[PDB]
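Asker: Take a look at the letters that make up each chain.
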Amino acid sequence: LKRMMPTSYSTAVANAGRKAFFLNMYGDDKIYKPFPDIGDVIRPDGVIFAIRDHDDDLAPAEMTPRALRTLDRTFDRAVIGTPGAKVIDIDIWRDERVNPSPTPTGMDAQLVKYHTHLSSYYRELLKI
Amino acid sequence: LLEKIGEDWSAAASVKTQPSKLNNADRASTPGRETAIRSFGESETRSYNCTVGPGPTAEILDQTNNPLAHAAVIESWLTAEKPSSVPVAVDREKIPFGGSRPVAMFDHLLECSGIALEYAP
Amino acid sequence: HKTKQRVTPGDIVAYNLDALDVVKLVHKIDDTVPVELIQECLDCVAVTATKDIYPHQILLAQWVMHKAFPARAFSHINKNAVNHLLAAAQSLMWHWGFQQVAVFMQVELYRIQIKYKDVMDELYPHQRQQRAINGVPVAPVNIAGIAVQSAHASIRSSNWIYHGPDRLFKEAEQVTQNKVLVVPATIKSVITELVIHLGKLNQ
Amino acid sequence: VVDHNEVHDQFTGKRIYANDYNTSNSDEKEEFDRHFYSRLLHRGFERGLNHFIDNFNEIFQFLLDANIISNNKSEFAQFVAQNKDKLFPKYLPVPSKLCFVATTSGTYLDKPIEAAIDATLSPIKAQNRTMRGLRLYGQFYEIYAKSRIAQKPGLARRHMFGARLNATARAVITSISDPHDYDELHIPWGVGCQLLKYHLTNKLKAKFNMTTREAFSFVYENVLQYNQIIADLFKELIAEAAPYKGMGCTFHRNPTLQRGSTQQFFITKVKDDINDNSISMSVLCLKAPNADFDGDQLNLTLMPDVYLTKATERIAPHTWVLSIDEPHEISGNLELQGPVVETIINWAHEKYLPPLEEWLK
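Protein sequence lines, in the order shown, are assigned to chains A, B, C and D.
So the first sequence is numbered by PDB author numbering: it starts at 192 and just counts up by one.
With PDB author numbering applied, the second sequence corresponds to residues 574 to 592, 597 to 698, in that order.
With PDB author numbering applied, the third sequence corresponds to residues 304 to 413, 429 to 521, in that order.
With PDB author numbering applied, the fourth sequence corresponds to residues 7 to 44, 150 to 213, 216 to 234, 247 to 486, in that order.
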């Protein structure tokens, strides 16, 4: 049965804007990473880019570096996949015409790290 | 190897309810499915009415159609010193029979028509 | 009685039963709390059970004890749960030395300054971006400052009547000719001293 | 037959009896419609609508004329004279907000909802409009009892007879080829980790010093991950059943015609392999339902109580042993399988000993 081992390719998609924002997994208290990088390993639990709702009065309770690391199974919206799996592809779309930024600061580094490369690729593709 | 390996399994001790416990959306927020499985059809409740007595087969539907009994079974699971082998979960002295949601909906819809389904010797 | 953010029925009754375990809920946050200090706040739940709950108490109980109880479960629990949670939050704020704010827990109805801004922007780095006007992009404002401003607006909205332990009334300096509260002028400075402490236990 | 005047003076609620009697839709469709709305002789006395209507007598009937031209029933006059109070009071009730469901880019409504015409409204015209609204009431209630009750997708045959029960599971099946008992079920790790969640929460709040949030995180984290503590708590939860072999559960088949399609088993062992997602069943119980290993998904319900487990003893694997056709004969569901019989055939029916002539010579 080790020689009969099929391969499964899966795709998980999520959104985070004015309604809700991301969570801080896959890292310590000095870095922010809402999703694993290309060529990384998923956690022993299958939660990838868990989403927390957007509130204002719960800022010292929920918008603290202790609560951004832990995941509540209720009052949240996570995405469960495969625990042991390698990340192959990442595609990020972004609306960048809104004058209020709904996401707080310090959470949009890994997003723009892929978005700038994708925008440069599509810009060269249109320039040709 | 062939198609249809074992991955389309489901297990749910508690499911979200309708604003009556049916949900159909992009349900990928839990490891495995959390949807309620319609194990009791019309032929299933007919066989459970004939083989099992008509008394104890209404409690299985009343533990689902009534949200108070659905809260009471979890309260009895969480308040007992033994989670298994609990004698009584929903006693009929505090939460009696007659609080089913589709039964009361049908009774209200027939009451606005002007008639009622009762009996008398 | 319920919100459109749909939660499973069955998780509601678990938080109804875990909120009555006051001692385990306050020992998960800080284990060095005396039991009689919890009991003196816990004996007052029989008087405030026939009263109303106001959102400043819900905010002050949702801010603290987030390490052992979720804040979003406060809008999906009953009255006997929030009374014990208010007693637990009153004991937890009485032990930490914030006696000027812990009086307003069990009660019946009758930006950030320069002294704390540098550490409040350090303990809470995620800030709310603001809209610029004719260019000149302004610095983002802190969301915890908005939260403590909303709490300060909720505290000073009306007059208050104390229903709690007399030892807490004798610890803090408040004069009385009848059973009415007196709001101090420095009440915005103590709650900001609490949240920073709430930053120091979490971050 | 219910007295409509008895239900409108014992309401003791909001007592808003005037719904159409006060409103006139003068800038009120934004408030009165969305916040509130979002014994009918015409049902029984409806044998006169072929190409002519015998109800052209509009108002002030004073029904005492026994002019009955009808061949279907003769006890209709006795039904009238038994309870003469029929559509006499002035207080007719309004259906609740739960009966009508209103979103998205396009407002979607359902075609049996044709009762909002009564909410939007000389005496000889108003008296005709009241009976027009009464005929619209009858036309709404008949089509709502025909299209939402009488259909197989409906309130009666789908929701009033039970649907979508809790504490249930649905998975494919394998067999147990082991020394075991005839009533033993093997629940896998992923099914057993979600079917027993509050039991694990109780065991983690009792044996360990954990809150319900940490217990829920420990339950939901180890669904696709094996660990020793959850397995030991599963073995403890199996061992807690003192007079039974484990937790009593019911097991169904989707075509349910015979007795063997609905059985009661006992959960006895939770599997350790996380990749195996299948419920392993006994060999001897494979024959009473038509269940094979052809990728079929089978349903399972969990009995919570001891009284319910004692009441579910009427459907058991031993109940279908005796046949329902012959008076003194055990049915063919007790027969063993192919490879079980073939080893006994190769063992017993073998040239093992010399015959009886050579044995005593």
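Hints are supplied without guarantee of correctness; some may be wrong.
Stated by the list, open to error - In silico negatives: residues of chain D with every beta carbon more than 10 Å from chain C:
1) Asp-15
2) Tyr-323
3) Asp-401
4) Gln-422
Unchecked claim - Not the full set, but computed from the structure, chain D residues with beta-carbon under 8 Å of chain C:
5) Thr-216
6) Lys-332
7) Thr-337
8) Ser-342
Derived by calculation from the structure, the hints in this document are not laboratory data.
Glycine included, C-beta positions come from ideal geometry on N, C-alpha and C.
Asker: Out of the numbered hints, which ones does the structure contradict?
Answerer: The structure breaks hints 2, 5, 6, 8; every other hint is satisfied.
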